[PDB]
Every structure is written in C-alpha cells, then in structure tokens.
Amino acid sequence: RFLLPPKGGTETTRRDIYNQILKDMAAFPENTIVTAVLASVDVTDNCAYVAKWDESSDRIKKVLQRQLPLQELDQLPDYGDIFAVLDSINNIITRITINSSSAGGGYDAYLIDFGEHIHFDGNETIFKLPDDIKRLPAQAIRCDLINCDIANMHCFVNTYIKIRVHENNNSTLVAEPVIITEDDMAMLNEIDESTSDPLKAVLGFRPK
C-alpha cells in the first residue's frame, strides 16, 4: 500500500528546499582550510556538497547505521518537514524531506545529509525521527568547487577531503580542494554502498 499524501506544507523547488532547511554555515569559515566529507558531486548541476559529520551529528549517524529504533510512518509528513527513509537494499536510514508533488505520480524529495535530489514513489518504508534528530542541521552544504577536475572529484565522494574556503556567503560555499574516528570511516563505507548501488538512479530507495 502507498503512503498517504502530505496533508499540508508549501511545495518548493530544489533550490528553495535547500534554502529552507537549517544549515550550520559556521563549520566552514572563510580564509581557512577545513576537513569535510565530499557528500556528493552533481556533475549534471556542476555544484558539489560537503558535510562536516562532526560529533554533534552523532544522533544522525546512529539512525543511519540502524543503531536506534524509529516509529514507522504510514502518513507522509508535510512538504518541508524532516523524516527518515530506509534504503532497504543497503540497510541504511537517511534524513529526507518532500519538496513537491510529481505530476506523473510520486514526489520530489531531498536527502538533506547527502545533498541529493531523488524521486520518491510513495511506497518507500519511512519513519518519524525523534525531535532532537529532526531539528539537527542538514549536513550537506552546497559548494562551488574551483581549480579542480569535478569529474575526477566524483570518485572521491564519501571520503574526507581538505578544502580552502574562498567564500562563505551563508547559504553556499566557494572552495578549492587541496590535493576522524574509526567509526566515522565505517559509517562512510555504509553510506557509499547505498550511494554506489547500481539501481539507485533508476529506482530510488527500494521498499521493505
């Protein structure tokens, strides 16, 4: 059975949903070199995403590695509201928001911690986050990477990199890449299997 459609909220574009979610811009100070995970490289939209994945994000990490039980949901939350979705094949649970209704069926959704826009069929297994996790800042910060080969940068997704922050306007970054607990690396391997899944682009996240 499909999830019930959202009862409320304002539908938004991919650019707008990124603007509406909470983001910790203080983690990327200008004129400094910082260590961050290359969350995603969108070679169709040019821009990349960086995530601090700092000790303050520990609750999100616990949900992602299925270390915390969550209440399964049958009613999609409102557009712009934050919840969790299960990638059943790769066994990880990630934070998500529905930004709009799709004309052909389903919805447009944003993976706030990965910086990825995906189609949401409405058959996906979804959960309610506890309020503290729900209120945590989105890990993925939009970043214009300069002086580098973006295509080559795509292979370094889900790895720690060092970036020189040229500009931090408070919604996006202009950064140049420069050429960490054991649990953090283990989590990145778990994320990479979901990200590298051969059918993720075609089917999105699979149910059950």
Second form
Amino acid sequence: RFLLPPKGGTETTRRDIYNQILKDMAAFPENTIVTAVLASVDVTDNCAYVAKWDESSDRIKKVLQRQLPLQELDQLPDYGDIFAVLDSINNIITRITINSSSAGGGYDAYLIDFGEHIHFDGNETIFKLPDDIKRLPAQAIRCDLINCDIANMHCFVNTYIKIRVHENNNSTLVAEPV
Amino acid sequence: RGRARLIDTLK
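If the one shown is the form deposited without its partner chain, what is the structure of the form solved in complex with its partner chain?
Now the full complex is given, and it begins with the chain already shown.
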C-alpha cells in the first residue's frame, strides 16, 4: 500500500528544488506584458507563480485532463526526478517531484507546474511519465508581485492574467499584474 | 473547484 522509497538522488530544500528543475525563463522577457495563468499564491512567502501553459506544454495538459494513459509505479523515482501523481480530490494527474524526506514522516514534494510545495505520504497513486512529457520545463515561475496585494490574488488562481515583467533574473520574476 | 478550475482554463 506504500511505495518503495527513492533508490537515489540528492535530497534538497524547498528553495533548491525550485532552482534544480528545468525552467524556461526566456518566455518572460523583461519590460514586456505577457499572458499567463496565475498558477498559485503563497502569501506566507510573499510570492506568487505564473505559468505560460504554451502549446508546447500540450502533453502536460493531456496528462492533467486524464486524456493520456500512464504506467502506474510501485517504486518512487529518485529525489529530483519528475513523475506524475493522481490528485483524485480534483481528479487530475499532475507532474511532481520528491525533493526530501520529511521529519514527521513521508516526503516533501513539489508540484512543478503549480508552484506548490506539498506533503507526500507515500501511499499515493503515482505514474511514470513518457520521456517527452518528463523533459518539459516546469510551467510555474516564481514572482515577486508589485503594485499588488498578494492576499487579494487568490481569486485569480488557475486563471489567465496579464503581467508586466519588470525584472527577470533568470530564476524568479519581478512582475506586476495589469 | 481549486486546481480543477485550471481544466476549464486550459480546455
């Protein structure tokens, strides 16, 4: 009922797993207004996440809508490797990585396309992704939001918005919703 | 709906 633990990989922090997954920062040119989904809001960290969800990310959308068959796994991939997990509360299948063991048991996991750090018990339903979907960059890019009450932004999560990219240090953005 | 809303955003 519980998955076999990762055989390898380097355990990382919440901050380091964001920096070690593949992100396409060229999709957010500085001093440009771009359209992207408000992936998630993290008021405690005073940051948000935006996701292009391009036509190039179409296969991730197919997996999200459960329109693609996947091979179920009984063994957890290495720490930092990208696979898929079934969220049956929302009945979606989302890309996920395990970044570290958890001090209270389980694992610290990161949903790379939402920008959400979650707890992973170890008995979840997980799938292997095809190599082309696994290699696609993480859609969620972290942003400091200016001219913005981040607390108010929860109403725009999972919704397309327009943001003006003030700064792009190729890790996180300084952007403003317009 | 939560994350399910994203489906309606990407359909």
